[PDB]
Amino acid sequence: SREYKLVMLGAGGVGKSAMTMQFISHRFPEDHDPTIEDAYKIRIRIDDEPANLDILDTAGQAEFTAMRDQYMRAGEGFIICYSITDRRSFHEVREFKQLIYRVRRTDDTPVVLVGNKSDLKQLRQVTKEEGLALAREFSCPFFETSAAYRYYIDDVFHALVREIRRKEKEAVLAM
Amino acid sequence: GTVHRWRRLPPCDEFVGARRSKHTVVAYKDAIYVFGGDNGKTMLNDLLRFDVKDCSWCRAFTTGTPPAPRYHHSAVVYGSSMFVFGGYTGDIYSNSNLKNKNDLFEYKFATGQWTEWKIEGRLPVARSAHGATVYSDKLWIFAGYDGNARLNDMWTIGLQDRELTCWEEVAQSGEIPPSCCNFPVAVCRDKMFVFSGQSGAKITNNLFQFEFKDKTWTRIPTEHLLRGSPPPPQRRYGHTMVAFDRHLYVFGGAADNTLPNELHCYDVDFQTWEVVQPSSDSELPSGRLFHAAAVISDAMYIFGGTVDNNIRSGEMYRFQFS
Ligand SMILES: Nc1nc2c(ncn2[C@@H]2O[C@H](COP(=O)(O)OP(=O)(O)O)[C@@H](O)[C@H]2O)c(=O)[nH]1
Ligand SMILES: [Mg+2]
């Protein structure tokens, strides 16, 4: 069946693992080892159509493992994540978007931009409007999510699959 | 020369071969042979020869169709031949035609002949970053990444007569290591050893032995805490491991977003780890990953690997065994 391989991109500590777990098992991780990178699966029905998702929670900065290398090259969609309480992570967003170009040799690869930890309204260092501006600059959907309370978690991955199915169908029309 | 001396040998010239990572090195006679890898721009399928006694590089003479350019493949030596299996193939520059492989190529050192062993019947799944070794006249393939998930199956194939050989999947027993990739394999006595490696959520610094005769895996426990023995090396991937005398030597790799350069030694007979202290006049190598190692007589040889910041290396380091 249709297997969608997605990649969780983002600086260390933005909450990539917390967002993944919530999406695949409706749980918040207690003490998650940040140096752990693995892939996780789930079958959800977006727009009344079942879809198999294979999501890689990335970690580490050395040369990619064989799993990561093939994921960055064959993955159909990317989720670039930052923390709204971490302006440094909000700046690395562009470096990840550049990284996608270096591998894919194109900027049309489906992407969704996510600013995590929206519940931390007290320590907010990145405004919501900025994330929208960066998303329109990237021509990609934008969500402010909270992995702690599962706010808009499903909407992020739902959107990316829509981007994939949209871009796949636009190719068929040309051919 | 000196015992435990990290000697820095002349690196590979650019007009001979590009500095690369994720390649394979194999020892034959008294020469190191380098095949495949990644220079940072494209995949490679050339063959280099480094005469150990002469300390000179050279592009090896190859006739016939070589394997498609690849990295994360395996390479072993059986008799007077090098056997390449698996790996990733494609076009990095355009991110196209990318696919894993399960083919088997033989390089006759004597004549420089590249021959493909077109094996009939059921094949192992095309994979990369797998472990490989030669024992009892058979090539052993283990684990790796097939393109959808990490693996932990094991396959063998006889290397005596290509006309009559075929692939056989191993019914493994014991504590099979979890699905792993980018791990080293070193055979010692009648047992195969695997240490650490990228296994996803189950990444550990565990040591596994595989007894070929009963096809059983055993995770060697460490009592270092109780007997005040040196702890095992930090968990890592993309590292090498060779066997000399009754000892395993682990070096390199990426350990939790770091590239340590310590030389770790495992006493298989006394189930203890060590950190070998190099000599005073040692030319210590830098922390690298996705390099490759080989042993000629009483010496270990390291070549290539990503040193840092995605810089590919072409340095030849030599460690003298006690
Ligand atoms: N309050 C809150 N904390 C979060 C959220 N996401 C992550 N965290 C915390 O931030 C830390 C880093 O999370 P982690 O998923 O390991 O970051 P990663 O390295 O990108 O995977 C953890 O201690 C989490 O408890 C969130 O949405 N809300
Ligand atoms: Mg994480």
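For the two forms, the rigid core is made up of the largest set of C-alpha atoms that agree within 1.5 Å on superposition. Residue numbers count along the first chain shown, from 1. First, how it differs from the form solved without the partner chain.
- With the two forms fitted on their core, the C-alpha shifts between these two forms stay under 2 Å for all of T106, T35, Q70, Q61 except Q61.
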The other form holds:
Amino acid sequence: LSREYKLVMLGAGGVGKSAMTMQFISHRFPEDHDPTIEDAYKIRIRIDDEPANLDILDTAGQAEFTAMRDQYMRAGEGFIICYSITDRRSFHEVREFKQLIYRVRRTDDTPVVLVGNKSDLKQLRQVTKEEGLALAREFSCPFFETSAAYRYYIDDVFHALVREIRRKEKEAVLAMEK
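Could I have the structure of this protein in the form solved without the partner chain, to go alongside the form deposited with the partner chain bound above?
Coming up is the bare chain, nothing alongside it.
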């Protein structure tokens, strides 16, 4: 499919990675989505009047390693690190996923978007929005609070990540010209 952008959904179990993915690609909030299913999904979109083919890996399962995860961790061009605003532990695990990316890629410069999901569960919030914003400033990455239940800011997440990949790519082309 022309030039695909491989994207990887990272996050603890139960933060809503599958819900956000299904909402992005099909506008459907899943009913009883099996939390053990890991799979990749294709979708074509337009950011800034330019189309892009996306290939998004929705990570899951209790196995330590899979052929799919191994390939996408190495070849992925962008990462969506997700936590739930109702689960502070999943918010701390975000830092562990950032470490995992460096251990695989041996770099910190891979495009990343940080997302706090389940924003609609306002009364169960365990992590403030300012804490996410501050952590994203630590990572030098965009931040969003989303609701996969009602599709709040789901498009903005994947658009921002593709924007980052494009900007980083155009920088390498300009550096190669000099």
